[PDB]
Amino acid sequence: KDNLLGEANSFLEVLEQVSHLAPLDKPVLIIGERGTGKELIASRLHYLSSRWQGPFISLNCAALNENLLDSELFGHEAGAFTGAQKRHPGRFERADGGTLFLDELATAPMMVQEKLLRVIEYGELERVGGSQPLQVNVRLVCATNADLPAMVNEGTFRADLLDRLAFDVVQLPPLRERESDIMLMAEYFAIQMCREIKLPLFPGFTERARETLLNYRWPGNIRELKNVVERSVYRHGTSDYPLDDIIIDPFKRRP
Amino acid sequence: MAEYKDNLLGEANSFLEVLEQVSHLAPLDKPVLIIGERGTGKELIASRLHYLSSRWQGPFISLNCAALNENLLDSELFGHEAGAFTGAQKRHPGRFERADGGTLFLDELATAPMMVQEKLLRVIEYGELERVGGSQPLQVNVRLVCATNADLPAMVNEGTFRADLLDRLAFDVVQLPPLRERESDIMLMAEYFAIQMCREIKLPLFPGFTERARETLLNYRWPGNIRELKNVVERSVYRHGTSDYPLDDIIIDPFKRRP
Amino acid sequence: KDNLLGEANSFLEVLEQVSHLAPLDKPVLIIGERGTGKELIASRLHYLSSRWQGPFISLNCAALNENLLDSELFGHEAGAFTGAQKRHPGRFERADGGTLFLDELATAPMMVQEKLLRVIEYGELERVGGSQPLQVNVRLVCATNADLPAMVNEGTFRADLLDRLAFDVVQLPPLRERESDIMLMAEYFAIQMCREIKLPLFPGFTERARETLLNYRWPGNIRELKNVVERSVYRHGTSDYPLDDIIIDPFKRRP
Amino acid sequence: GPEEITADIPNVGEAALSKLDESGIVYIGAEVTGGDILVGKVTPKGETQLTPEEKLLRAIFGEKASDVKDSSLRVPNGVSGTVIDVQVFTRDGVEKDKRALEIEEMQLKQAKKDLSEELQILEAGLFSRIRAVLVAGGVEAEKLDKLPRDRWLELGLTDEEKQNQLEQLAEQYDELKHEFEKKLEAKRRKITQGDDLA
Amino acid sequence: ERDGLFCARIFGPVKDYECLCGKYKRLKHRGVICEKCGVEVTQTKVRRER
Amino acid sequence: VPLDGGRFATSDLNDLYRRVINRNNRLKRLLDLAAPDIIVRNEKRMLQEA
Amino acid sequence: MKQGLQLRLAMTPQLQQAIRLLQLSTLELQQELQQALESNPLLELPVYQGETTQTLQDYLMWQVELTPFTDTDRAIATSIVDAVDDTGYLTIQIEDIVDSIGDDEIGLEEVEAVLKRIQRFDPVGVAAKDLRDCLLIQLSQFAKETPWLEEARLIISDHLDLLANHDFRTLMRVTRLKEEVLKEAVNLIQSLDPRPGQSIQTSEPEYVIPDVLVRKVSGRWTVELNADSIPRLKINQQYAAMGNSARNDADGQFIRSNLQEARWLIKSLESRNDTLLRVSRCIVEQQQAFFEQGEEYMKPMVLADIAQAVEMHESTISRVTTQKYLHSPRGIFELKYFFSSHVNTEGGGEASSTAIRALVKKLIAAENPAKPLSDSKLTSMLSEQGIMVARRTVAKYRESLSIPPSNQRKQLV
DNA sequence: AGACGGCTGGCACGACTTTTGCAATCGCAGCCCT
DNA sequence: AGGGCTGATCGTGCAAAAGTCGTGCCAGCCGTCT
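Chains as they are written, first to last, in the numbering used here: chain A, 425 to 679; chain B, 95 to 353; chain C, 425 to 679; chain D, 31 to 228; chain E, 2 to 51; chain F, 629 to 678; chain G, 1147 to 1559.
Hints should not be assumed to be uniformly reliable.
[To be verified] Sample of chain C residues lacking proximity to chain B, with all beta carbon distances greater than 12 Å (derived):
#	residue
1	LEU464
2	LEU472
3	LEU529
4	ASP592
5	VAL593
6	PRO627
7	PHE675
[Stated by the list, open to error] Have a look at the derived ranges for each label pair, beta carbon to beta carbon:
#	chain 1	residue 1	chain 2	residue 2	range
8	F	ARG646	G	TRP1208	48 to 58 Å
9	G	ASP1420	C	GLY521	35 to 45 Å
10	A	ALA570	B	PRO353	18 to 28 Å
11	C	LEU493	G	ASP1420	40 to 50 Å
12	C	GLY547	B	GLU114	58 to 68 Å
Don't read these hints as lab results, they were simulated from the structure. All C-beta atoms in this analysis are idealised placements derived from N, C-alpha and C, irrespective of residue type, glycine included.
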């Protein structure tokens, strides 16, 4: 409950959908532009979820090691291997009732897709040589920049992985897609960043550069705008600098 | 005795006859092979069989070839008694050793390890199991059950499936109907899913399935037999609706991004 | 010695050659059709070998794991590593004079080929950091469905892997091949299926369907015929069903 | 173990049990001379080991085992005379009703005879109303006297006013029968509500 | 109670001539003092008189 | 004087002089440990009172 | 990383002793704490009421004193009476009393004469002494005019062994008399002053201090630790405040060492209490079937896995698990009593040797008193339960139950 | 009237419990020896 | 003026050998009916 969402028509509809689906512990899908921070809305929903007082631990799918994927999704029972002690619940078993936002879900491999399909079922967690699997119910959350239907058509993701998704795939509109309250939200973010960096304000201010960059691609739908604003503020290094000669082009070399 | 299936997610056209034939083969403990859509009509069939499974107290231990990693798979498969293979400790009850006399519930994971398939060929050869570093092999008994999703002959001709794996297996074939083919209990299953959603979500009443919704579902390819319909119904219920419109503008397909 | 062998000219010659080489403990290859029951015939000949009263332990060639190649082909001396106690002889060392029946050798890896070449040496059981190797003599037998010459031409089979077997390769005829005791084996299989299905007998009996299926490839030379016979017996659902409208086609969608 | 009144007093004279009813308590109205025992409660007593001496005692006499301390009610000294009646109250969760069922039965008999009499009057009023509605219209009182027959079941003394009156009175009689049954049920529940001790 | 209120080996004799521990459990035993506990195995008048 | 039998309900016979004696034994142990003179004096304040 | 892994302290003396005291019992730990506090310098209506033979002992002596007897005769009677067990028979015979006295004046003859004079005084058959002659004394005191009195006397004299098996037919054959001819005599012998006072003689009171009390609060029985029976370790804060100001380093160091030892001991006791509570909760969860249904529904319940999964291991918990009791609706149950045998499995099996004994008792009860039922029937019941007892593997269970069957003891109908 | 038979109790061994018996090395530095 | 070395303070586990049950299983016997 802290993201600098524009609260525009699309933003308000997305927030309403997230709040409505917050009580539901069923798995949900997040579509749209990554790098923009749809995960922040996921954390907000998880806080607003029914398991609000539950240990929510998200995970990056690409983070798990291939040969340690089993140790990632579970815990070594220590009845095997050279490793001792262990008997430590897996990240999902560590949460066991909270929200596990699947990060880098599109980065999941075919083996990872199959492991997720195995996890599409409820609980049944058996450790290394476990006597009996353990069932633990936890709410599920996933995000993916790439198109899950596109991956399935490519066959990169397993079919059950798509079938693992149950709730609506919330798609994030790009920077140009909404562009209704992005000016206000970016201004608020810039004000907060200036306060944090002991910068009072920008006396020059102005939005002619902002109005022009409204007709800009901004591939990083939300993060890129803030990064470019910070770069412009730092490079200008002055407050009484209006939105003139300020464009989103930090990599660009001056002439 | 008679154990009712938890769900009866089947097709009126011929899945009733399929269940009848399954009950006919229910008494036998030989290799029972099911087939159908993966993720949809498959493990629902497995649960129905477990309800129709012979006797009781049988460990319906289910294993998926995706798990158990790669190197650790063999130890959990054959078990482990000697040290340095299971860290010494107790003689590790392997995944196969976990279910003695129970159903060996298979999932159509298609383990790319031909070594896994070769291990499984010896798994059902004479009913025996030897632990890792085990000085003595042990003859074990258990039931077998599986569900399928791909043409085992097509893979075998392609070499993807070992000829010996299908030779030892595939005693009898039980293919679940594809969703685009049955088209019979579609209304029945849709009504059951809608009622279940209304009950769980505490909805005052089922909004109802409009003719446009039924027509779209019939036109829908629905690659998944028993789950894709379930997921679509869940998405439509999530989209929600007033009491006024029974199913007007219902979002069954959540993959469609909004404007 | 429980297999209902066809005793065909092929089957009888196979049994006779098996008995002739039953006293000899040299490596040999049981060639022909796998899935058809080479393991049962292997057990019968082991009971029929020179050391009939011996501990015979067979296993799948590719059953074990790659990292545990030493732990499977030998015993953990436990001097090094996290392994404790152990000092347990391998399954081959568990036989200690028995028949190491090679099964599923077609799936063996290059490391497995190297281990087999090491096994071509006379005994020489050296553990990890063991004092000295132990030479242990046991009977050897091999069975596979693929042409080891074909693999060696592909280079998959090592030269020593090809030379691992010390006798001429004895081939098992296919169902489309032997086709001799097809009526007798069919009748025995039908009797067994009826007994298992609690059916006293099939009043229809007859072999017109059996004769038609005789003019079929039946790739699973014994496996396919038995599975198909059991399937037809179950599908008929009535004893008074002659060998008509019965065929081997489990996969085909019935009209 | 609770002290249960079953006249199963260990080492009890036969005459002592000869007075107690099977309920541990005695019959009613019975006269007691001297310190007579009326209600024999069996307070549990402590147990012991194999005690082969006591094993032989059980093999010989048995049935005592020193397990039930006698909580029997014996008449007080200088107290002897007629027992007019008794009262037994059992806490909720205990309803042996060995003679409590009989007492509640007598009480409910009186209670129902009360409820019937009012119900009897109501039913008689309805029946006479039906007979009058059918009277003077070919349904002779002799027809109604021989069988209530719902006064020949709307014989047609008027067949419209008689018929409508019969329908209304039938509805009323059904309601009254339902009400009387409900009242009897409530009274039976109250009588069966039992006692509730500490 | 061991060395408690009205303890053995103290405050006079026991209820019976049998000792609390059990050693020297007889009314005939007069001078025999139980080794387990040194208390009077005699009449209990001394219990008040001790 | 156990009225209900379950509880002794010592009719003014439960001697805290037993607790005082326990405190005196603690004082004796501390004296064996040679406790501070303040503790000794306060030990008397309680033990000597008995 | 890969399917590979790796492997990863040492203490002794003081902590070892601290853990050792935790392995002890409740009252034993209370006594140990009381003794330890005796040395710790920094840690924090004459004769009640009763009746003649209130605990079954003085009525006989009062009756003897109510009769003329000499000082030696009174002493012999007192030796007989005071040495009478809770069963009413003379716990110590004349020889034991004479040996304890060591006096030749109180001889066997004098003690025997005193006992015979007090053989039936108040009540009949006092100081009975392995009561076989006391039954005969009761029969003789009973009027000889009773029917079959000669038959009863003959049975009581030396036919006790025959009637011990309750083989009335075999007893009659041995006595060369018709079966049930002395049935009135046998019944009278049964009703023959057993232990004289018997239950009145049995003044055996009840004492119990279970280490826990299972209230079974709304099922899933709520195990409440006996906090009253659980001592509270109090450290003398006065010594703490009187030691810090001590300029003498010796006194300050002694006080600091005492405080550290008290802290370690309190930690050990608190850990013992907490582990006992956790293990009791686990046992209650495992054997609610035993708690409610009874001994028949007994499955093994020794703490494992769950204790290890929670913290440390079952090691030293097996040590501290000793001597823990619980008062429940089923009764008083011990810690080792909570753990049972394994039948369905090697460990934690559904049935138990206690369940075997309970089923054996039920089956032997479910038979005619003449002949108890075959253990093969209870064996078949166990096989239905999955234990697969069989008649031979039941011998041990029957011996544990010690129920006398027909072959062990044949009673005549 | 000696053998069936279930008892029973001894006899046996693996599987689960247990309990007991295990803590150096400092690292200050100053004083004392060299 | 430089080396020695001085004892402080240093803590919740487990495991290793033993025991010990649980279950089963043999051996005889007495109640007995033959």
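How the hints compare with the structure:
Remark: the non-interface label on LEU464 of chain C conflicts with the geometry, its nearest Cβ contact in chain B lying 8 Å away (cut-off 12 Å). Its beta-carbon lying about 17 Å from the closest one in chain B, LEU472 of chain C satisfies the requirement of being farther than 12 Å from that chain. Once the 12 Å rule is applied to beta carbons, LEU529 of chain C is inconsistent with being away from chain B; the minimum gap is 9 Å. Its beta-carbon lying about 23 Å from the closest one in chain B, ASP592 of chain C satisfies the requirement of being farther than 12 Å from that chain.
Annotated as non-interface, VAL593 of chain C keeps its C-beta farther than 12 Å from every C-beta of chain B; the closest such distance is 18 Å. Interface exclusion of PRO627 of chain C from chain B stands, the closest Cβ pair being 19 Å apart, more than 12 Å. With 12 Å as the threshold on Cβ separation, the claim that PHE675 of chain C sits away from chain B is violated: the shortest Cβ distance comes to roughly 6 Å. A beta carbon spacing of about 33 Å between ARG646 of chain F and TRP1208 of chain G contradicts the range 48 to 58 Å that was offered as a hint.
Between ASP1420 of chain G and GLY521 of chain C the beta carbon distance is about 58 Å. The supplied range of 35 to 45 Å is therefore violated. Hint check: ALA570 of chain A to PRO353 of chain B, Cβ distance near 21 Å, so the stated range 18 to 28 Å holds. Checked against the hint of 40 to 50 Å, the C-beta distance between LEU493 of chain C and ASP1420 of chain G comes to roughly 48 Å, which is consistent with it. Separated by about 59 Å at the C-beta atoms, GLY547 of chain C and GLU114 of chain B satisfy the suggested range of 58 to 68 Å.
Violated hints for the displayed structure, listed by number in ascending order: 1, 3, 7, 8 and 9.
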